[PDB]
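What follows is a single chain, given as structure tokens, in the form deposited in one PDB entry.
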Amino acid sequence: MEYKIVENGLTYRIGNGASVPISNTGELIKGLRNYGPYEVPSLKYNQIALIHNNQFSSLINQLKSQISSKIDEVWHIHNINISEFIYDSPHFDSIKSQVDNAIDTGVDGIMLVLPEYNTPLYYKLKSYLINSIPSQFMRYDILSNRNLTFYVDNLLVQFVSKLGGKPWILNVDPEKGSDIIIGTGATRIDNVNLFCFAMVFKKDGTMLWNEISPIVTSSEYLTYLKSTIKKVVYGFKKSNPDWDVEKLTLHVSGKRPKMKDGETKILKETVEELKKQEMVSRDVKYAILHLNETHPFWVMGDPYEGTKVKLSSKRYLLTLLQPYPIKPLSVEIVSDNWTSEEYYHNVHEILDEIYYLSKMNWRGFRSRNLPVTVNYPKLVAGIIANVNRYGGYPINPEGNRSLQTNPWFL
């Protein structure tokens, strides 16, 4: 066992060219207050609806005003009004109607307070909203035993993003890392049932385009996986047409058919064709990686964040979070296009990249033990699946630009 630590001087870029170090929520929020987030969403109506059945509850109220002052002071979204809508019974139809009222009054976003756990209701409403407008759900029974300050700080991180905002991105070296990173693969709905996903990222960690395949039979996996990728690269190029792609990386993950060696060839085929369709430089350097969780990592005898453990020249363990125990990410170099002189240098770039992408979750102020390239699609699968199992409204990427371009799944 041989190991190397990721170079540990790196920063987020927020508003007005300011930088803040990572892993320090204090200086991030202070930075946001002064400089604003990297990109302030443009809202049409300057209006958010708050939809709940709580009376004149003094809780909706401290909430309301905390949302209100933070959205303005932390996020720099000005002149925002929150209108409230109240529903009789916590049943679907009753809440939906308050959704529709809100909508035809002209709202940029809906915050929806549910009373308790209730999975069929939640996924039915979320499904409706995702096709309609950016949404942030809430539970009153969680909102009651949590410190408001923590709950709102975090809640807004992802609500701002769903509104098209960009809280913060990575400060990247233009030279090092991939031009784009494609998170790809599939997750199991049922046992005969598959959906494929393909999501394109910039090395600063921002999602550019998101494509999802039809819920399809497991047999036809290798078909829609190849299909879906092409579609992401198509939709990304039409949107970024003068952007030469010389370094491509694939991040393959999710619970999918166990047909690996054949999965590999087809991703190679998918690339060669993208070359010949002049969507990617004719001499693209690329790598195809499997990222997987594994067993917790124990250093014995009496493990720093960003530690890269070489299990073999194709397999690495990468630690994403400080042990203060730790589940690392398993990263396999399944296939590549690299000369051998480069190779070692390219591996570590690609492992550094993964480590940085793990600091890029927009669900809140604490980032997941995953790179966004694996986490985001996992949250997709999350929603697509329950929308299947609970009879919600189908989610359709082709049919409008905002779903292919916004992190609706946070």
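By rigid core we mean the largest C-alpha set that fits within 1.5 Å across both forms. Positions refer to the first chain, counted from 1. Compared with the form deposited in another entry:
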Given for the second form:
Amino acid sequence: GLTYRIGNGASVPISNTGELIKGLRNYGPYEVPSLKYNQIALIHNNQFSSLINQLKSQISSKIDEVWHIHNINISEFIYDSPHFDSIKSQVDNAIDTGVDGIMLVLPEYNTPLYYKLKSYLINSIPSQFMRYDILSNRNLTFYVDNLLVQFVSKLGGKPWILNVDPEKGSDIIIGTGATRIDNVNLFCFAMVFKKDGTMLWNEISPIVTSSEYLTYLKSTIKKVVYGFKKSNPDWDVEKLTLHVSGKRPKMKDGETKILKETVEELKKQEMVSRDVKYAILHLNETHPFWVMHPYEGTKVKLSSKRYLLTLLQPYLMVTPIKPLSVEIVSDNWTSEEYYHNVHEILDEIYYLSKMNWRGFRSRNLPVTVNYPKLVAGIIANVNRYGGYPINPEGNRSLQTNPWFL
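Switching from the form deposited in one PDB entry: structure of the form deposited in another entry?
What follows is just the one chain, with no partners and no other molecules.
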């Protein structure tokens, strides 16, 4: 069945972390990140610690041997006290020396300090946080293994992509919708993906009130298609799918009407093909249930437009299911192609549920739903603890890299 494509034309089976890691060592990742300085800063307050030295050695050898990123040096920067100003001084010191990314070790749980520093770094340079007190109580091998998956991704590398039939499925999938941060405030999102699970462009709205939802939903989607088209100017999108998700205002028929208008305007502006075939889907995580591989990829039809994908819960009697409801709220398909297109979009959602660059283990949740949830967590908490605002507009690094992992 489905496989992951890594480097040198090799592919490895899904649902098998051991073979994925082994394949990376043999063949490299799908794309090794391009770096300016070949330099990574490690920033901590545990100078001469043995654990810091063990961590640095594993990072160094695995960046070389697993990720095939050669000639990297790691520089150390020591902050004197675990507070914002003292750590920020060392972050700025690291940036001044010329580094491709920062790995920042914090001593303990500290939510305001974390989100203030994280929002500063997201606006500055690819970064990876670590907790020393958790690091001290973990298998270092597993810790660094998965750590490097998302750090390499943050640096712009592509660890692996989905091996999918290039003749089936959408040209692009737009994950879009909004996420509430409280009873009144929200932000809209729109993320463009290839059918192989790679993210091409990201846009998010400013935080606004629910009264402004549909205005900013349309504008955020137009902005992400503009950015996708400018960065991919020869791509003619003839097969388009919207994956709408997020806890958002209940305005279903008004929202569908606006999403349809948006697609039509983008056709008018020739941002997608004038003959584009599209569908607008609602993706909702529903209540889990338990059957007391027969359901790996099973598709359930509830009505002509409501479907259910029985995604397996990652777990260690009963088989747990994490179902995903998929409703077709709008499409321009003909009756003759309709159920062929239903199978294709459902298979596509299943494939995308296997993409996750946070770590080696699949999340079994489509990236079009999962990655906005990660973004929501950061935007909400940066707002709550008053960090630096994150505005990907005008910042190509934020528009194209998975800074939210």
